[PDB]
Amino acid sequence: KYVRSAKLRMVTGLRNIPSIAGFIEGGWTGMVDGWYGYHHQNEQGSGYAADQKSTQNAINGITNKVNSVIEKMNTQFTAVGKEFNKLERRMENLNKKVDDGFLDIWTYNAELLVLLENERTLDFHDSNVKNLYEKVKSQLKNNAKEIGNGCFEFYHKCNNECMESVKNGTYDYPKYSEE
Amino acid sequence: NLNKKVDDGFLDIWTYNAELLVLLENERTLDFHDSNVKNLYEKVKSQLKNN
Amino acid sequence: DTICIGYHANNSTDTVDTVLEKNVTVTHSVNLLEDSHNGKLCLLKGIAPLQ
Amino acid sequence: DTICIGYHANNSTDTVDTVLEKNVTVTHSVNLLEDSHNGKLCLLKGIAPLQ
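Protein chains in written order, with the deposited numbering: chain A, 304 to 322, 332 to 491; chain B, 405 to 455; chain C, 1 to 51; chain D, 1 to 51.
With the rest of the complex left out, here is chain A:
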């Protein structure tokens, strides 16, 4: 289809915030693998990461949004500008009015849909980050003195089994409560 605009920025990712220490002041930069993941350090090692399930649901949302916007445009009509005499152009005037109205209306509709869906998906991404934030927050009521400032910590030490278990999301709150 044709539109009479200059650009419609169908957008997939997140805001360019190039800033380990927290994304409130600035989003992670070294991350390359995906969208959202983890960076923790302990006695046993360290490392970056990118989560899978959140990113998989998100990219499913992306494919749904692109295929929606491409498959939610209906048929196309051969809008060829026809010809009329120098005596009958009331026909021509009305036809030009109709065609300009149609291209105008579709410009408006395409722009509005782009705005709507791009905002909605980017705030979807934001809300996904937030839900993972609150999920990891949940079990940590009293056994990791949360330093604030956007990034978390562990009150104590723990080995590979600890990091894998919290990787799943089942952090052992009462188990390590000896202070």
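Rather than coming from a laboratory, the hints here were simulated on the basis of the structure. Backbone N, C-alpha and C fix where the C-beta goes; we use that ideal spot for every residue, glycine too. Certain hints may be false.
[What the hints assert, rightly or not] A few chain A residues that face chain D, going by a derived Cβ cut-off under 8 Å, partial list only:
| no. | residue |
| --- | --- |
| 1 | 373 |
| 2 | 377 |
| 3 | 380 |
| 4 | 467 |
[Stated by the list, open to error] Some residues of chain A that are not near chain C, with every Cβ distance over 10 Å (derived):
| no. | residue |
| --- | --- |
| 5 | 410 |
| 6 | 414 |
| 7 | 468 |
[As the list claims (entries may be wrong)] Now the in silico label distances, taken between C-beta atoms and shown as ranges:
| no. | chain 1 | residue 1 | chain 2 | residue 2 | range |
| --- | --- | --- | --- | --- | --- |
| 8 | C | 18 | B | 446 | 46 to 54 Å |
| 9 | A | 410 | D | 24 | 36 to 44 Å |
| 10 | C | 22 | D | 32 | 21 to 29 Å |
For this one, chain A is given, so just place chains B, C and D on it according to the hints.
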């Protein structure tokens, strides 16, 4: 030809508009329902800080 | 003893429009406005044009 | 000593469309697309049709 073009354009445009409005309002009301559940959640949460 | 979350923010530098901000820069954007015409007439599924 | 909240989830099994998911099943949906024509001509507020 012009009349068929006009009519097809109008039915097309209204198809688009009705579908879009349905999508918009149905999402908005279902998340309204979700947010209502959440507000009652936080309301009961409020006074239960330590007891 | 640290662990925390963040969103991958690469260097991609294309700007997208919002009703609440002026052309925010955001990483990924599969464009939708194809605007690259070859500039010359071409076949129609192999059937030559009646020039 | 338990108390908590939830949303009534009955067995209603009709599927509604979202821009973010494929035909989610949701309980109540008063349809809007009337598509039951009797299939035959009928009066117009009592005035017979000029057949």
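Now for the hints, and whether the structure bears them out:
1. Because the smallest distance between the Cβ of residue 373 of chain A and any Cβ of chain D comes to about 6 Å, under 8 Å, the interface hint for this residue holds.
2. A hinted interface residue such as residue 377 of chain A counts as satisfied when its beta carbon comes closer than 8 Å to some beta carbon of chain D; here the least separation is about 7 Å, so the hint holds.
3. Interface restraint check: residue 380 of chain A against chain D, minimum CB-CB distance 6 Å, threshold 8 Å, status holds.
4. Because the closest C-beta pair between residue 467 of chain A and chain D is about 28 Å apart, greater than 8 Å, the hint is violated.
5. Non-interface call for residue 410 of chain A relative to chain C: holds, since the shortest CB-CB distance, roughly 24 Å, exceeds 10 Å.
6. With 10 Å as the threshold on Cβ separation, the claim that residue 414 of chain A sits away from chain C holds: the shortest Cβ distance comes to roughly 18 Å.
7. Listed as outside the interface, residue 468 of chain A is inconsistent with that label: its C-beta sits roughly 7 Å from the nearest C-beta of chain C, within the 10 Å cut-off.
8. For residue 18 of chain C paired with residue 446 of chain B, a C-beta distance near 29 Å fails the hint of 46 to 54 Å.
9. The beta-carbon spacing between residue 410 of chain A and residue 24 of chain D, approximately 39 Å, falls within the hinted interval of 36 to 44 Å.
10. Checked against the given bound of 21 to 29 Å, the beta carbons of residue 22 of chain C and residue 32 of chain D, roughly 38 Å apart, lie outside it.
In this structure, the hints that do not hold are numbers 4, 7, 8 and 10, in rising order.
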